[PDB]
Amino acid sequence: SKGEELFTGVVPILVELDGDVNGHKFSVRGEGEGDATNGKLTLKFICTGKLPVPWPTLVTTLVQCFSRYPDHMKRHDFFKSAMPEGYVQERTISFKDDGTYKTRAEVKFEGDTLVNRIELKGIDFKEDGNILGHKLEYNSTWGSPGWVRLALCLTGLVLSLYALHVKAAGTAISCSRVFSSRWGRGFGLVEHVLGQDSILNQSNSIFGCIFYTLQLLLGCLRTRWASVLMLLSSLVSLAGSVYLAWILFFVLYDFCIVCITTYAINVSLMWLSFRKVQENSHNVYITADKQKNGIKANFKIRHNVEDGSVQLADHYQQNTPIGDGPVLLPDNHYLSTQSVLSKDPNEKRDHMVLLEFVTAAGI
């Protein structure tokens, strides 16, 4: 890029957004600096009254020319090559079971400043949704686990506590024929490796209470060690549930109902933990659009809802160069983005403080 020379060095950023969400008209003015050398953005946004939508739903709309491209991908940087004349970035943002943003932006160099002017229009939002009802977390640590996870873990806890009330003592005499066997204690395999004298050789329901309590507790967490811990624990729980299920049929030839219920519960927590691990994804997927001399892009942003659920936001993006000069057309690649939102204690206007780290990868 001959525009790449403009991004060696820290570059001042100014952002201006005129929006209209379901009639509610608003404006946002932001300022900061960008450092393409480390793919680092630092910006402060101010709602020039109070913002009618959550700030996270505006991060994506609110400068990919600061993405750090490694040297071996330098020829795949469309965004800098469009500079200084700029590019037009048009997006459709579809919130699942809710409205839709339509955005169009001019990103160009005005004097010494990189400017991103944005026109936004949001339609078909329900006034008690997650967006207009302001039901989205900002950067919280302790939150809800979701009524799905709550139902699963509470149900499993009641069932395991029931099994304890059974062995330690509608119609389940079929169960207590199962629990009394050698497999109702330490999954039948703790006595083989650690002996029967071990403290770890407990009734499987103890592992049940510890497991469902741990799942429900880690479901209230937004960090990764709880996510990976959830994945490994639910994986072990799944293996033990399939082993015990294999003992129930074809070996004992008995058919207890609480066992099938807890098998389904462990399958549910397994799918939930798998999803929760694998959809932590800010990956901007970029392909070249030759007909318009620009690029096309797909991705999915998942916002945390205050009740522990996730609000899905699908992103369809188009970028078209502003000049008639030459620009780079890339091969298929993706951008990795990490965003950290925070507040400024010196600011009383409705605002947002954004730190961002974007690097190119893929090709």
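Residue numbers count along the first chain shown, from 1. Under this definition, the rigid core comprises the largest set of C-alpha atoms superposing within 1.5 Å between the forms. What changes on going to the form deposited in another entry:
- Only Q202, out of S94, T261, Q202, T113, shows a C-alpha shift of 2 Å or more between the two forms on alignment of the rigid core.
- Relative to the superposed core, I123 undergoes a Cα shift smaller than 2 Å between the two forms.
- Shown in the overlay between the two forms, fitted on the rigid core, is a CA shift at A36 smaller than 2 Å.
- A movement of the C-alpha atom of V310 falling short of 2 angstroms is seen between the two forms when the two forms are aligned on their rigid core.
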The other form holds:
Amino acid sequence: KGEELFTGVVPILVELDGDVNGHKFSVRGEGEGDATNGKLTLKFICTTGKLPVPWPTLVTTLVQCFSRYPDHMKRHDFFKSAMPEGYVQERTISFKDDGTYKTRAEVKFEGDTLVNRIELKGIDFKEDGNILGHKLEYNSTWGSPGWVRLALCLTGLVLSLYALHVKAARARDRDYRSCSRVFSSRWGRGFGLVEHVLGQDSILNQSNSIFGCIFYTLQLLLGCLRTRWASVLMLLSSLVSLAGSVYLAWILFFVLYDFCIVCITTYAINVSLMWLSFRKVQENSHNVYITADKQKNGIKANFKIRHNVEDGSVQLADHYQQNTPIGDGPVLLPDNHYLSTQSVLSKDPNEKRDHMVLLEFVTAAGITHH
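For comparison with the form deposited in one PDB entry, please write out the form deposited in another entry.
Below: the lone chain, stripped of partners and molecules.
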């Protein structure tokens, strides 16, 4: 088809004309695309001055024809099949609790250069928000855990240390001849299970409250990292804590019958942390979901993008996408499948103007080999 055009490397020119809440701006980027490896390298600069919106909010609008489709999925590459005539890609980007982007781009060959010409208009953005307020995170490693997580983990830790204290106190008061069955209960060490498995003398047979200190400290720390292993580790830890919490709840109700406010609160915190940890792993996977549009003879796509805010929360971005060819498309439109995209934003220590260096790796999946 048009795959012959994407062997080797292809130059890339991107021009965006944007208007967000009356703020008019233009962006220009140049780079190279290697569809053989699914690799994309581009440098963008704002030719009109300071950019009125954080750079990560434009990564998606600022050329999916360079995606690496495995050999067995070649016939599902509508993008490359649409060349060199090109296609028209429109997108509606709804920012949760904020405004909207509407984009119409023409992607086509102009000689040797792949050209993406974009018109973008955002409406109903609140100028105090994370977008027009520049409250997002450019590429970043250490960050804040958010007031929700900080509160949950600080609370859990305080209740842990408190549990230890109460144990200590009853210990003394006994020697002189609420929530009291729980605070002198052999369940409160090793979950009443370690002593039966590893033996009483083991060092793993610690007070539930100690595993609590380590658990909430770990959750708060991993809350500060942005890597993948931090999200997954957070998920597994939250899982262990959830199992132990459901068990100890089977011990509170159904065994001890002590409706302790401390312990119950613990349960609520562990459920919450489980939910958040669950969300994180979902959000990090930046995959794009692609279906075929017979009425328009093109394709549609739905997906959500997570943008890390500087205060610890996450701005969600819902993405509706359409692509209609300009000349003649694939003899068959692609079956359902998705595009995994890994982005890396960086800066140029020599660039005096508002800019963004973008590296990107896109691969195709969703269709196993027959």
